[PDB]
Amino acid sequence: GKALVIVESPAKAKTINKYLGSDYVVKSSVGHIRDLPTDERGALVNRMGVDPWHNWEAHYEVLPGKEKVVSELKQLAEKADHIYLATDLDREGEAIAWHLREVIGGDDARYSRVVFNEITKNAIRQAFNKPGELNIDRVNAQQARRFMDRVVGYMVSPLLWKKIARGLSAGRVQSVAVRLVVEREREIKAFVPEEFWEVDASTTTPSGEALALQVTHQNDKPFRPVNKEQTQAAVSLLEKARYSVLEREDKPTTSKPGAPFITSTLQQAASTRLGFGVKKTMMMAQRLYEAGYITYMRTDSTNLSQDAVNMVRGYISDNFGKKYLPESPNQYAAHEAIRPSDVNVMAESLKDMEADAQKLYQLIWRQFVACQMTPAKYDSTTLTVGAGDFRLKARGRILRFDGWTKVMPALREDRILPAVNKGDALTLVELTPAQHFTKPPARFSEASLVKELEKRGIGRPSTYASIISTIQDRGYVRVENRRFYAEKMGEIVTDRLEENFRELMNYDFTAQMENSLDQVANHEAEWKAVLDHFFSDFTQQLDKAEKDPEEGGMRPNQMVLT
């Protein structure tokens, strides 16, 4: 007589209940009900729980002390007329819904898989208005990923215990992430700082106003001495020269707001401006989503539905005015970006959320509102000065219309160059030479790394976070002073893998694996055939590595005596 809606958390169950009628009975499963344990070897297969030699037959099983919830669910299902699987919208979630249906059992007709990217009244309505079917192709792409990760972990690690040291761990993508940090460590250690100088000048305008200049050219060539003498000979010529304005360029510039956030950008901005580490940002964003305050937090699309765009433009014109509203909406390009659920709920009205979780909502709110507001206008100015065989420059800027910057904290902005006409005489007041120093490549951070991971097509919205925490507790890299450092062991294992598992360590290849997984999700490839090909390439590599080193196997971490 009544429907049984299943979600995966108590917090999510509370919120979705505010939008489901009497005929619905929501229930969470407080976690994963079923999963994997914890030329073939039964010993191995059993521990892995997947058999790559008998066409990937698997052995799932109810998780620790979960046998009780399985019990409570089965009975709720028989008293129910229909069963609605409302797990999150990503692949992992499509898999967890699949497990709930496998466990409970019954006829496929008994189940529907609904989808939504935010838990609100109207969003729940459409979700349960035209429900959907479980998508086996997506489930398969998810298990494909899980199986190959198992293969690498459980079959490479044992070789490491034998060659390097017991306790070491291997990861299909984790090892590639550690490789990036190792290359960076080495470029930094090999960097040779170079010396170069700069020369500034303070002058007087005709009216007598101060003008600060910077030398740029000498004999119509860029200015860059390399020592103390070169700068001195240059400075000696500049003290005698006559200075005059060679040109005045006046032009209006603008600065647009950024697009609405995505998993990648949120982490980068939460870390750069708020000081929050990736893990912290993702644990808080999730609580906000499940509480009904923001849209799903795992995305890579900057789309905004017409409803959101119209509610925010409404907000913009009521609270800011006609001049901040663009003639037509800004279009940045089936998922949406990370944005507030209701623009009218402020960060300070957040009931049951704490300090930092509120600051993250604020950051998300501001970006969203800013992205639909007009550009900021400035008046830019450039003075080019001539002095004997030299040429100097000075730049300035004045704000005309704050535009989108209206919703950001009011400025603490240095500028304003005195009034001067092309041809006036400046008087020299003082010369200040300054010695500089080239700088070595900066060190990654949990920010720049997700960034780099995305840039190379290695990461993935739902994996970036765990990738960053994984490579950290195995002793390959550490975070001190909010920056990444490569440990010795990390360089030690990265060279070994790089020499006996070239394919697995290659950046292009692991990125192509992601495309392979997408192809399985879109029905353009069969999962088992894909696992077969990955396994075929994987075992060929693993065989060579197990041999003795004089046969071309992995090098032992030894230092043979005198």
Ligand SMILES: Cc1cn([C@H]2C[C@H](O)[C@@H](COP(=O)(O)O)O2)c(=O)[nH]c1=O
The other form holds:
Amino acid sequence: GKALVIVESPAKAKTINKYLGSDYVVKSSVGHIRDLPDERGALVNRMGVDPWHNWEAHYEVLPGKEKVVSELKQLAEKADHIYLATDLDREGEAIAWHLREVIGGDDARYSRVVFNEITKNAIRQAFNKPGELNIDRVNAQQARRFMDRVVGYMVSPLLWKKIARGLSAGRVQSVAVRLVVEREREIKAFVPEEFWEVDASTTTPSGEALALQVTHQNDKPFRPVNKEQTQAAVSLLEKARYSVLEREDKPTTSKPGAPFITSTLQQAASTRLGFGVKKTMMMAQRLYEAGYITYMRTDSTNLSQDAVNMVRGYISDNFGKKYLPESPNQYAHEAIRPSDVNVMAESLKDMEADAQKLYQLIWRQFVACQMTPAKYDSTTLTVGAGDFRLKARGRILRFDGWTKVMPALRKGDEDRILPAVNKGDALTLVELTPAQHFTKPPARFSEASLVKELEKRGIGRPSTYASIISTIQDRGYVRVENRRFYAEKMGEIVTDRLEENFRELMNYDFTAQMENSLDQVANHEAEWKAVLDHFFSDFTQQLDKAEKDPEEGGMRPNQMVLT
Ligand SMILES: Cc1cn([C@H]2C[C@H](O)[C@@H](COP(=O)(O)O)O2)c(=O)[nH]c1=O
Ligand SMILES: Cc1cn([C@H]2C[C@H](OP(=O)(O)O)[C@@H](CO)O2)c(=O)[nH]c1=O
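Okay, that was the form deposited without this ligand. Show me the form solved in complex with this ligand next.
Next comes the full complex, and the chain you just saw is listed first.
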């Protein structure tokens, strides 16, 4: 009679139900339903996957989920068709697969609808032409879960034996920790170096103040390394005659950033709002499931024609023609953007204050990215003083452009304003001011700028950045203090062990290559079991070698021997 539609959560069921007619009956599975718990039955059972019997698995219904299973089956018989409207990512394809497996029935009974936002039009087109479940994406998702399970359950026991009980190892988690350990060690080994700068405050012919910075001496960059050198330079500069060597006036511009993707969202939310990766991703999700923003797991800065056309109309009505570019800006699935540009952060219904703030950030970035650039009149004055050359920078805002959508400025607005001076003009020295500085050590990773580092290295993945970040934290390898990452001693002890006995597993390129391999499975360019066999072959040669006595090249035990 009617159609059954399955989503993964109550919040999502409610939202999507506003856009589905009486023919459809929405029901949230309210969870994952089914999942995982030279052989050794012992291991296979705990893992729920069997590397020695072509990877057959044993999925089991979750606790208290039996009522849900049975509640779906009967609803399935009273429906003519079944639509799996899980989220568009691989994990979402696997969950759909599990629902289809559990409920059973002809495959023709099922359809897999895809949408990256829950709006009337997005839902309409999603159920207009519903595609089929994609087994390749499912295999790509399970291949990941399998190798993750293998490393965790087969490396961890070795760590208990060799280092300490309760420790964990993670295919990617251990690589993420490595980045933190290397960073921790760069910092511990840094030797701050001394270097000086010299500023000069002068007077234009009119008498207006002009501040300068010494740049060259004898046509060579100026950078003394001690107090004596600066003084010698200072004595020459006190007697020198100053004059404007050259004035270069040129117009500059600044462009709006591209619309957000998972990683950039996390960084900006962390840098501007002080939100950790977990917080940002939990609010993003609720915004998404409430129908306010597009899917929050993406690495595409692409924007649909309608989205661009709706925002351009908003820019045009609320800001004006000079803020609208000739043609739309194209940045090279969709970015994270509001679903309706006319819905303001302040109009959100059941969203807490911070969730509204995240929406605001997303909204502003989206509107800004389709606006014209800001224009500035930049000025660069070069000054000569004996064998010295000095500099003064400054710019004037000519047209705010995209920055009009961002809060009003209030600080060093018009970063420095230079007075009226022409080439050949004479400046009067009023005061010299030398200053001592010291090179700083590399910044400590932040939850977000680590995702950034993970992204740059092709190690992360929109759907895993969050988990990775939190999954390496309560295991005693690294900790977040003052919003920063600190490597624990145990994080170093384990990292060296792994690098020594599991080189390939800890290598950055190989870890990145595995993501490619996973994309290949998803795109029918590689078969999942063969990819897992190869992975396992490489893994077990590493493992057996590590298992041996250290005098055979096995893993070093965490000990300190007697006299
Ligand atoms: C300049 C810079 C900032 N950040 C960050 C992380 C935080 O989001 C923010 C600083 O916040 P914090 O002072 O609370 O640590 O800027 C980096 O991660 N790397 C950098 O190089
Ligand atoms: C869930 C998931 C998605 N993705 C990527 C690949 C997916 O495209 P394909 O699965 O390549 O369509 C896309 C789903 O949003 O994001 C990953 O790389 N890893 C994951 O674990």
